[PDB]
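Asker: As a plain string of letters, each chain reads:
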Amino acid sequence: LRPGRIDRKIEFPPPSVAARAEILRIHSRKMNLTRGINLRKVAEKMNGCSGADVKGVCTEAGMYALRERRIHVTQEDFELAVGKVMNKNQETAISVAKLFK
Amino acid sequence: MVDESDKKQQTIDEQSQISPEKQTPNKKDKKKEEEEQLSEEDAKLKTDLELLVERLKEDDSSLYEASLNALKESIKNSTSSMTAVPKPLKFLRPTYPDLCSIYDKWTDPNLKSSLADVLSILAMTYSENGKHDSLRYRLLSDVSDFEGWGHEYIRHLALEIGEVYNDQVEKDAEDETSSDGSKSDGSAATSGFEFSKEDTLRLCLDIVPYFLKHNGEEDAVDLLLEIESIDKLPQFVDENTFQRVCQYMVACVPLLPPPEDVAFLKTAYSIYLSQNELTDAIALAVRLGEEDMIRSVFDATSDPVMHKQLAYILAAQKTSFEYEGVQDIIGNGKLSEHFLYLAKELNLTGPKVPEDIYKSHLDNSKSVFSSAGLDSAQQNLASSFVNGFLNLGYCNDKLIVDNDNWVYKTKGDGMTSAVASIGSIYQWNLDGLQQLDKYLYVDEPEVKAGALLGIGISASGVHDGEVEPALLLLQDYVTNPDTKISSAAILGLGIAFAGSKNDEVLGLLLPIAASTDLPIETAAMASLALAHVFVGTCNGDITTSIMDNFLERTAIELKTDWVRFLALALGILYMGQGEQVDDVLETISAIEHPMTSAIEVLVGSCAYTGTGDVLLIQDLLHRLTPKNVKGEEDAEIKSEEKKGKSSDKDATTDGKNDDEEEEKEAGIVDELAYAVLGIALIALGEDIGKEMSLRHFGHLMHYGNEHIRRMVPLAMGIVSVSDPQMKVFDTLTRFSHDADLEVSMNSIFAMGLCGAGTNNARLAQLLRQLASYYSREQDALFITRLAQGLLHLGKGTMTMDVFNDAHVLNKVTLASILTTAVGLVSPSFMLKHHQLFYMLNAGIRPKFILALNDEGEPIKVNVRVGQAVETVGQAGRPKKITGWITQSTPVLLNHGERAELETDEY
Amino acid sequence: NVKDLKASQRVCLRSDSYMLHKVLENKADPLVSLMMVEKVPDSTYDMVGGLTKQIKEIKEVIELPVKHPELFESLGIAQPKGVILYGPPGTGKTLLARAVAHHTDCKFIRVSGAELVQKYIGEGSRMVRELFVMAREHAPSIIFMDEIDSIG
Amino acid sequence: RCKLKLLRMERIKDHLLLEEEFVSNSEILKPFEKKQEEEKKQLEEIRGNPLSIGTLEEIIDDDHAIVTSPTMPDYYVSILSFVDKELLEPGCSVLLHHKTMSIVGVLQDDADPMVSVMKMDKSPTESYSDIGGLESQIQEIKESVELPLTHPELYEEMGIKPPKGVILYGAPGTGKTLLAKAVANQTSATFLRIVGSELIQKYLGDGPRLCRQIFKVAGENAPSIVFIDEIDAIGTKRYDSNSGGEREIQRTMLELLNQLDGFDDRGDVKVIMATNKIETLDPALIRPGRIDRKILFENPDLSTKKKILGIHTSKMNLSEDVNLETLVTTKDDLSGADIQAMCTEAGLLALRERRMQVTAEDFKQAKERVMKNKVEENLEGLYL
Amino acid sequence: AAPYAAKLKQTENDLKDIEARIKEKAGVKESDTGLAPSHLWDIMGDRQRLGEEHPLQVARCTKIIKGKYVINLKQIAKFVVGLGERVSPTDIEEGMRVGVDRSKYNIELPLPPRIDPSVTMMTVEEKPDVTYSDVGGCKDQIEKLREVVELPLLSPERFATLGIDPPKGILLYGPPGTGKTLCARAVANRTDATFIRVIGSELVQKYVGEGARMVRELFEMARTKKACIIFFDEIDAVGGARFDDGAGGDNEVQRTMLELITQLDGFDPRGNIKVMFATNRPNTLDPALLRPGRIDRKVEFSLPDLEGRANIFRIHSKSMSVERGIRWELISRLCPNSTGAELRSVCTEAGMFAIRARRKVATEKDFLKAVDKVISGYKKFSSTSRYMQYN
Ligand SMILES: Nc1ncnc2c1ncn2[C@@H]1O[C@H](COP(=O)(O)OP(=O)(O)OP(=O)(O)O)[C@@H](O)[C@H]1O
Ligand SMILES: Nc1ncnc2c1ncn2[C@@H]1O[C@H](COP(=O)(O)OP(=O)(O)OP(=O)(O)O)[C@@H](O)[C@H]1O
Ligand SMILES: Nc1ncnc2c1ncn2[C@@H]1O[C@H](COP(=O)(O)OP(=O)(O)O)[C@@H](O)[C@H]1O
Ligand SMILES: [Mg+2]
Ligand SMILES: [Mg+2]
Ligand SMILES: [Mg+2]
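So the sequence lines, in the order shown, correspond to chains X, V, Y, H and Z. According to our numbering, the first sequence is numbered sequentially starting from 1. According to our numbering, the second sequence is numbered sequentially starting from 1. According to our numbering, the third sequence is numbered sequentially starting from 1. According to our numbering, the fourth sequence is numbered sequentially starting from 1. According to our numbering, the fifth sequence is numbered sequentially starting from 1.
Only chain X is shown next, with the shape it has when bound in the complex:
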């Protein structure tokens, strides 16, 4: 942190909601989607603070779709994945409380 060796500082913030929708899309470009799925709608269900959370929602949607054994990933699997991954946020380490001093 000595002054003059640091001339660029790249902070990556927690995603915006335009950014967080596109992370869902990035993973889905290998996947099959039933037409009409908006991963912007799912992004408004998310609040997030890392793009790791949304990578787990896509992984879960294709493993629910694997359980079904359908080629398409169906739209209820992306509903179930957000609530399943949020339970997983409360089980890797708690972080969303609102309960403060």
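Warning: the hint list may mix true and false statements.
[Stated by the list, open to error] Derived DSBU-like pairs (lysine-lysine); straight-line CA-CA distance at most 30 Å:
id : chain 1 : residue 1 : chain 2 : residue 2
1  : Y       : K67       : H       : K367
2  : H       : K277      : Z       : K206
3  : Y       : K53       : H       : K364
4  : V       : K266      : V       : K213
5  : Z       : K318      : Z       : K373
Since the hints were derived computationally from the structure, they do not count as laboratory data.
Add chains V, Y, H and Z with the ligands to chain X, keeping to what the hints say.
Answerer: Coordinates of chains V, Y, H and Z with the ligands only, in the frame set by chain X:
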């Protein structure tokens, strides 16, 4: 960026970033309707300029290029350049950046070729108006910097550089050159050069010399004078203006071979004469070698003043710097003429005042004695010469000398050279005469002869002004019929006067060096002396010396050694110039036999001096011829062969040394590597050739004044013990001497081991002993530089007797030459109005940084040291005057120079 | 012969007494050892995209002075040194450094604070000079020393 | 500018040097001389074909040795002894003959993965007085480090021991780290540089062994300069506590005492230490009488930063809007690395607009960002 | 930009390209040693060549069987071997190396014991020749060394007349900077006894048990040598304190500590090994070398006295070029009680003031400046009266 529509000043620039709506459509349609709209187009010209001005900020090529691409079309398509020929001509001002933007900011073969030609013709014709000049100028000092113009502005000025260079190469010149169209001189392109030069002198120093060298006239330089002479102090300082003037000449040393170079150096002198320092005028006047310019400067200081003041002392000090003493003769005689103050000025110019200041330096320094007295056989001769080599210069070791025991046990040639070593103890000093008198009046004719040698050496620090010169004593001894007596007299005569000339000296050295009918091997010294007299000034290239060389070769080869010395004497004589040595190379080569080829190869070294890079390949081509001849056969002579080979080895080295001082000085470091490889080549190539080249290497270093004096002599020295000829160590130590007991400690330590450790002949032992004792003096009493000091690119005259001795195998005969080592350097000291024997302060710095000079200038940072120090050689050369804090002003500048200080205080 | 031979070049031998025959048509770079055992494929900006700002920020100081160091000479700037990437884990901090490197043609050397990537020197202290020297052999390069500071 | 003249002259003599060398080697490095032809006949008679490598454990004084090969088997070798029996010694790599193993010869010059770390992989491209400013106590580092190498003459007049060692200390931003590399440029003595976080290892006992090496290498070059960067990094740094800890730190300090002087009496090594924590060291190295003059450096004051800033802005394209003296004026006794950082950030703002001219605005706005790093690296803001 | 500037960039890059070219064409080669007094080497090279006379697979005796021996080759493989015709019944000892023949295993040539020595040979060097006329400390302290170390090496005749077991050991302990190493270098010239100098911190290895081997090998080898001194330097590491941990990592180092107790005391006493131990803290010593039975009279090297500093500064200034008429007593007064090494740096800083002053001598004045420099130095630091706490 994007087109959005104009409703403010910011968005007009945005509109025209994609597509001008004001310079492209409007102007084009207008031009192809009516020739009454030419009145409007002139008004719109200013409008077109401003939009260019705004948009010289867009980093990438594409949206400046493409946008102006049809404006480039409008030149030939609508403007035509022939619809009145004033009107299209004056409308070429906005279209000219546009042409460069497709030419250069896009490299494309079809259009870059075509548009080079277009830029030339229209530039020259539109600089008649003088609006083409101003058009460059708004881009010269630009608006903002980005990629594009970093290439663009070089194109504008490249048209000018292009044409003048091409006019010299081609035998067609003018507008017949097809990559231009600009006329060679005229007056339509003459004005373009004049306007361009004013600005580029102010901000740069880059195209300023380039243009002059392309003109090749001191006229061009004299136009530069007018602008600079106003600029001398207020715009940029005197010192800065000086650095410009010497940068041109140093930079254009290879670029102007000799006949061209001197014509330019005449103008550099004139600039210096006009401005404040007449000290820099003198330096450039020596550099030419011109007697006349020296006299002009002497008159400039002397005539307006009739009072002792700093001024008389100053002329005399300036001429003193040349320890060749070409200047010393000139300055002695105007001073007698003026007849205001005789007493102080005549001595000061002469080397007589330099003897007095030496006494003060010697007090601090003390005197080192370690001299060998261990005699018995050949070791007697070794020890007696060693006595002198440890006390070179002015020192005192009187009690050891007056013990005549060891003096008299020497024999033959040893007796003569034993008394000569005694005289070099009292070198550069008038006192000590009493010792020479003893020997002169006692035993065999030999010691009388050696007393004379001492006079010559001692006289090197007192002659000029014609108060007890070497000529006065020694003219008598030449007349004497005995041979030893004559040879000793004329060798010492040559030493004392070095670069000085006088009729009695010259005319004495004239009947002999013309009579080779008599078989004397010690009449080499006759030419040797004559050669020095000429060095330092524009050559006489005396026809007598060429005559006798030819007559001796015809007459005898029974003594190849005599003629071998004579061949070198010509090559030392021919120095002082490079213009004139061209002609005599042609005279000697008229006569063509393999013996004459030997003479030629030495004189080729001197002939091409100061620009040679042709000399060097040629001096490798000579080497191949032995092997070539062998190939052919596969598919009295002794003397002739021997001379062929020895001359070649000395010449190859001599070319490298001579070239490297004169061209620049940063190349000096590179030429050292050739010699190392040359030794390896010469050992498998010829057995005899090796003997010569070992010795030449040590003197390669000393002549060129390398910057690395620590590493290379010690590294050479271990290996060279096995190799034959121990005369090598002696020649390494002439370089190594630098500041004494700096470098010289390692030499003593290393050389005493190899000497004690190995005895393999008492002959071999004698050389090895002599060398160590040379290197040391006494806490750096004096320094040796082959260079003049005033110029370190220049070449002196006193050290050319040192350079002589490596071409012939070692002897007791050679030892007599080798005892003399004149070439001493003065301890730079402040002078005032009463004559001061010490300094006050100096700054010292290991090296310069500047690009401007290759002689360098010390930075104003330095490390501080006190008064009374001898100037220090390479590996630390820069010396600064520190007196600014004591509110003093140097009068005689020093930057590592030899020049002695004089200071002005109010 | 000795002028077709240089150091770190693999050869083939016909053992007539170890008689050098040809150069071998294979070599495994020692820098590639580290990179292998790590194992990284190439990325671009569709593995980062959707935070369009980041690509610009790093482009100025990382990409350009590999591409053209003449810009930074004209500017006069003393060239960039360390550049800190920080943020939540899962923002593709590593993925941006991968993305620059395929375009710039750098060797993307991901270090991780490991003693497992090596098997030829086997400590990180002595692999600071040497890592630089390998990245200079195979220049251009990006040394992605990912510190973690979980170690100990 | 107009440094052309230099580049031409140097380049031209190099061209000729390349020419001369090539031609010298071929057909006039005669393998037809009898001193080359007769020498190789009887040299190869005992010199191989394959020359099995050994490592020399010990010699015996009867013209023998006992080698241990890296391949395996030991051998009780003789010595052909035209490589001069007393010229070789343990640790050397030796040439053995493939019929019966005799020492044909000895290879000299090695390299290790442990001197790879030391050796230079660059030659500094910033030379002296790019540390310019704070130049009033650069006289005790150019008259004990540079000078005895440059003149042994002045230290002959006084005689006794020359100056050895300097320690540089002050606040950071006084240029110490490059100063070390810049006095090395001038002397032309072998400059080793070793970082002090590589004299801390995560293994035990092998630390002193690495440090012991460093000075034996240096004395082998007759002149060297060794720079230890941050010799306060061997008295604050540790890895794990079971192969590091207090002990690892403790030992390496003690080792470096013997290396700096002790019994060894090695060659000339000039030492340069930069430190700013000078109380984590043995009280056996920071005494005068080892490291002779100790140099203090203080933050550059108003007039000194005028010296510093002309160093950095000569590389910049200055506008006539640019005022250098008001950039100096505001700051009060602050670091010279800060000035270097503000000029770098000024060219970054200039690049942000896209223009390779540097304008006044870029320096004057970059100043405040630099000052925000002093006034919120302490979140107290204005002192409370 | 400017028209000539455009060309500077090209010529610079031509330089870069030609340096590499010159280097490549010169070639890289491997230096090989020579000897000019050998122009014939195949007068004795041919005898060593081409038949079997033999270079020997080195082995080592592991057990004497009385009438053959069991050796371990260094290829590890074990063999019973006999006796050839260069070897007798009495030449072979336990743990001794022997060279054996590779076609048939038989003792060819007996050899010195143990090939493990190579880092016990990097603590052996030949003696530093520093005089006893310039030493460190001008007290009675070095004559105490001259009775324990020096005199029984010179003359065991006096200690047979006393009848006492000759005196061997001594501790050099106390303040830093007092020239303890200067006096063992001074003694190295004078006695003409081989010196073996040890770093105690080179005795520790990552793999514990390695430095145990190390110590044993050096010490027994030294009993075979005659009339040597072993200078145990920097043994505050190993030779320090001992204590037990519960999860530490100090214990591996203590192994070498224990081996120092047991080689010194032996199962016989030292076979003409005089031992000096230099401890720079009198506070780090094993409590089983603290007992004085093996470390006989132990002499504290302390900081100079006010008369001792005057003497020390006079050796330095007789060796320096000065003007006499300078008081060396005054200089001791200005100083506090402090190291002997400060006075050794007064002269060299007075020598740097010589050069600024433009002198060949150092005179009275500038020693005062130098004295002040070092004193303010000790003010800035410590160990100006510290013993590392507790005499
Ligand atoms: N006083 C100064 N004057 C000029 N440049 C300085 C100064 N101090 C530091 N620098 C510059 O800062 C950069 C790095 O400084 P360097 O590493 O040499 O210094 P340091 O004092 O050892 O400590 P630090 O790196 O923490 O500043 C270099 O570009 C150097 O030129
Ligand atoms: N008493 C003294 N007289 C002269 N010089 C001394 C004296 N003491 C120390 N010195 C100088 O200090 C240098 C280093 O001291 P040395 O290596 O002998 O340390 P030491 O006294 O054994 O102390 P420590 O155990 O604390 O390191 C010596 O080479 C010597 O020049
Ligand atoms: N910005 C992003 N765009 C697309 N996918 C992402 C992004 N960031 C993270 N991922 C996904 O999340 C995974 C884990 O991210 P990781 O590489 O651990 O992030 P970081 O480098 O920030 O610690 C990746 O392997 C990838 O599948
Ligand atoms: Mg992660
Ligand atoms: Mg620092
Ligand atoms: Mg200690």
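Asker: Work down the list of hints and note, for each, if the structure agrees.
Answerer: Against the structure, the hints:
Of the pairs offered as hints, the one joining Y/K67 and H/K367 holds, with about 29 Å between alpha carbons and a cut-off of 30 Å not exceeded. Under the criterion of a C-alpha separation no larger than 30 Å, the hint pairing H/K277 with Z/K206 is consistent with the structure, at around 29 Å. Restraint check for Y/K53 and H/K364: the C-alpha separation of about 26 Å stays at or below 30 Å, so the hint holds. Restraint check for V/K266 and V/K213: the C-alpha separation of about 14 Å stays at or below 30 Å, so the hint holds.
With a CA separation close to 22 Å, the supplied pair Z/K318 and Z/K373 stays within the 30 Å bound.
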